[PDB]
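For reference, the chain that follows is the form deposited without the partner chain, supplied as structure tokens.
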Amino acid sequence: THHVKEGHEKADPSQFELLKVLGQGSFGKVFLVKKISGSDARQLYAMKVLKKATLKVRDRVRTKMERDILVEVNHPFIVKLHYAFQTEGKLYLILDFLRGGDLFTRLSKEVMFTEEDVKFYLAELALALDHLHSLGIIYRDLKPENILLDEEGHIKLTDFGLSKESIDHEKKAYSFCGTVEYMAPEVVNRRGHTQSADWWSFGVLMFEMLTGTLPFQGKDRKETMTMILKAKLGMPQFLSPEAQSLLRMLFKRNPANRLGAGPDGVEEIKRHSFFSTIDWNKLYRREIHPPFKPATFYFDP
């Protein structure tokens, strides 16, 4: 072997100026940062910092998986990872900075969305999910908090729910993660989180955005789970027949019979009547205008 070293200009946390704390949680802390040095100097990013001491084995395994998945993904509707580095006591992920907020913050203000907006948000999401499926990846927590918006108003699916289907299948017996209300019957019964389970959560999110409420929810965790399994849902009648049809096809308890599980795959969702006004090629090319868009006294002659 050749005992010669490769020269490189490595990144470290001191190349990123701290602007403000965007959020905090069990995962760690998120900051808005400004790159100081390099070709991307002055560029803004979201910096997620995880303390190695406030980190379980499962937490360390999970972070490594998210980083590896993000390095493998390039899609217009999924968050991009720009950097990953570590210190003796901390782990850093440098991701896209998204100024448009999240779908949950927006849902809480509006109470409910129009079919026009739900059709736009779900169509971009369907593309993001199918791209993940093409790489053997599933989304274990498809809640509206995990979908951010950019300056234009296009969606960006976060990394927080990213899991590999092969890894998830081997751990399913000793692993119970995610938000209960969004779980497919087979996930509640620990039979495994398949691509079909992503299309059930996709319908839960659809129902919540259109009606302002979750379709299967009880007085506690236990009741919600039994409700997901019995699955006897009343369809709000202010919903269009197209929205109602899509919801019933997605809320099929047998994962094999659920819309998207068939031979055509995502084409079963794409060709549904609810999405007939969507040009899927133009949408992917970000050529479709978002129906919603996120974010002096003196006068003289």
Second form
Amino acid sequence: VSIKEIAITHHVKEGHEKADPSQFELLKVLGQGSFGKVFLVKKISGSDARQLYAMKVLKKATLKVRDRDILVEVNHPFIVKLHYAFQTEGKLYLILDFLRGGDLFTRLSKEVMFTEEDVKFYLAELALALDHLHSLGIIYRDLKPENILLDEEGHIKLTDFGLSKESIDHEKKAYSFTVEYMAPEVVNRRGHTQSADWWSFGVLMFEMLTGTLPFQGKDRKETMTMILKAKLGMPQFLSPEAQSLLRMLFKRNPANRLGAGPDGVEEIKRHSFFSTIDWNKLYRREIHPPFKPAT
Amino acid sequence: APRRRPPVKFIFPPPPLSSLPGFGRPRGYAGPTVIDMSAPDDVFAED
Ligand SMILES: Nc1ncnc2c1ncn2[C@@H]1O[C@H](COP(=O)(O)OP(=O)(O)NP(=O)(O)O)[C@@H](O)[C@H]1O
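To test you: the structure above is the form deposited without the partner chain. What is the structure of the form solved in complex with the partner chain?
To see the whole picture, the full complex is given below, headed by that same chain.
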């Protein structure tokens, strides 16, 4: 059951030059997260001079790993890559890939009308990224649409890789208190298991295909009650393959959930829903995304 | 042709769940119908 906390203090490609605040120039604010604003920075020194990066500013960040650098191992085709990490004046600075494709939910909203096969492509790339973190013992924990971005080519890019973060004092909230994608065990505070991510995966699949969240409440308290006790009627516009995957994913006992069996993620890959996906070609980014961002 | 799918639009930077209690949202699929609060292991009722 062993869990190890790795504090994120400094990072740079092995044999490369470590970065510091003077080497970046701020350009704009990319977006607003729970832990603060995300910035666009331009490297002004070194071999990657003129390159654009995304920057997060935190008090500290740790990576919880259960069961080569971990920051290098988490590198994946569909996960943001951390290029630099440095600490200054009691603040942690994360230099990340600048994701130029925008978020998936805005792209889907721009289309308005799309097919299940369109959403299938993004879910499949999302599934590979989640399993890669699972393979190294990392849990995504708090998977939400804000973390699901696209790159210039239109491929999925997760904005984080399971980091446990603490915001700076300026961003600090008075009450720490998102439950909509949380698994029942998480609501029960029974522990966050790797099957919890596949529950969050299912809620995203439901929301992307239906446009609505499966459990809707007025406040945090009510929605938590719905996650634990609600029985839902399957939307009938969904395909039989999609309904089957949702039913296998939406099981309140973690052990009954798809992906928690002995084969693990290949349970989900082999499902009837993802039948049209060539997973190896998908990993090689040789399958074109349904929508290109530049349009 | 596959089964007719609903028009899907999202609000990015989703508004917080706590706020906006009675504000109506634009017309789309209302959501899954809650058949009961039986707390069954299988969230979806079998067809
Ligand atoms: N690498 C990036 N490139 C471009 N935009 C980014 C990047 N990372 C984050 N953003 C933008 O900033 C928003 C917030 O990022 P996010 O990773 O969700 O922040 P956070 O601090 O981890 N809080 P949260 O995701 O709610 O737990 C995203 O929805 C994007 O719009």
